[PDB]
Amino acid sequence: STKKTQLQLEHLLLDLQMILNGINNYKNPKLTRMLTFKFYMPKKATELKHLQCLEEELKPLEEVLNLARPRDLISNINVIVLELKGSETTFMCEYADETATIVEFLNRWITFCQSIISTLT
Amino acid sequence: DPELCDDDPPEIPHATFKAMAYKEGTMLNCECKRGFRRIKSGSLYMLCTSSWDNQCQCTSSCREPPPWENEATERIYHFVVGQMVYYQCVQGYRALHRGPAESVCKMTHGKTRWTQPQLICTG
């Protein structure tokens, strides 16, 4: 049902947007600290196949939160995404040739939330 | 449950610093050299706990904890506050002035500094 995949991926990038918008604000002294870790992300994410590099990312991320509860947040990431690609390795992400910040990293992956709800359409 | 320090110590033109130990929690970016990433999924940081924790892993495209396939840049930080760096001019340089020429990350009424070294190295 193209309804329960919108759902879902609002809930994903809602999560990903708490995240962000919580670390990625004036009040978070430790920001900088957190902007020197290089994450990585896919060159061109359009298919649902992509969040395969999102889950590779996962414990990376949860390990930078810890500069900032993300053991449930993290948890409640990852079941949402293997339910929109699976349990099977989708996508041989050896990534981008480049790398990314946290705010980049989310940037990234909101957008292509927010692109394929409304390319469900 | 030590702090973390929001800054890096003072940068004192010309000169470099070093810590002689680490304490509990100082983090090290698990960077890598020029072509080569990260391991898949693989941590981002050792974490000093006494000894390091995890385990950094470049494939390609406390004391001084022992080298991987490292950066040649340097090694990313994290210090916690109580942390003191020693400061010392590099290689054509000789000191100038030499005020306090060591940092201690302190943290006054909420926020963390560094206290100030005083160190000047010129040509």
Contents of the next structure:
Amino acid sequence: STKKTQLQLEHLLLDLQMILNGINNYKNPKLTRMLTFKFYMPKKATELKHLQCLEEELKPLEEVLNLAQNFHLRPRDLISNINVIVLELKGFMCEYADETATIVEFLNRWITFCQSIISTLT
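Output the structure of the form solved without its partner chain; the preceding block shows the form solved in complex with its partner chain.
Left out here are the partners and the other molecules; the chain alone remains.
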């Protein structure tokens, strides 16, 4: 059971890295515009339940990705896969930090979240 959970988190981790890697490959003028969009961050993220904070930001994430545009998956598909994993993992009202972050900082934070939880299940 713990193994199934770890594997789901690992897939979420790779999914998030794929978005970040794709975004890092945008041309700079484009990336500069993309970095103006505000994302909301969890005050605290240490347990699966905290994934609610990620779930609520999936819509704006998909919108921004759609607005952007070589991605080997359509944003709707990529976000759908992330959506499924998040829904199955968190099975609480998300507390957000005052400061917003760019899409890059937001992805990093959630990538870090996954890596941290994965390491408690090894």
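Positions refer to the first chain, counted from 1. Note that the rigid core is defined as the largest set of C-alphas that superpose within 1.5 Å between two forms.
Once the cores line up, the CA of residue 25 ends up 2 angstroms or more apart between the two forms.
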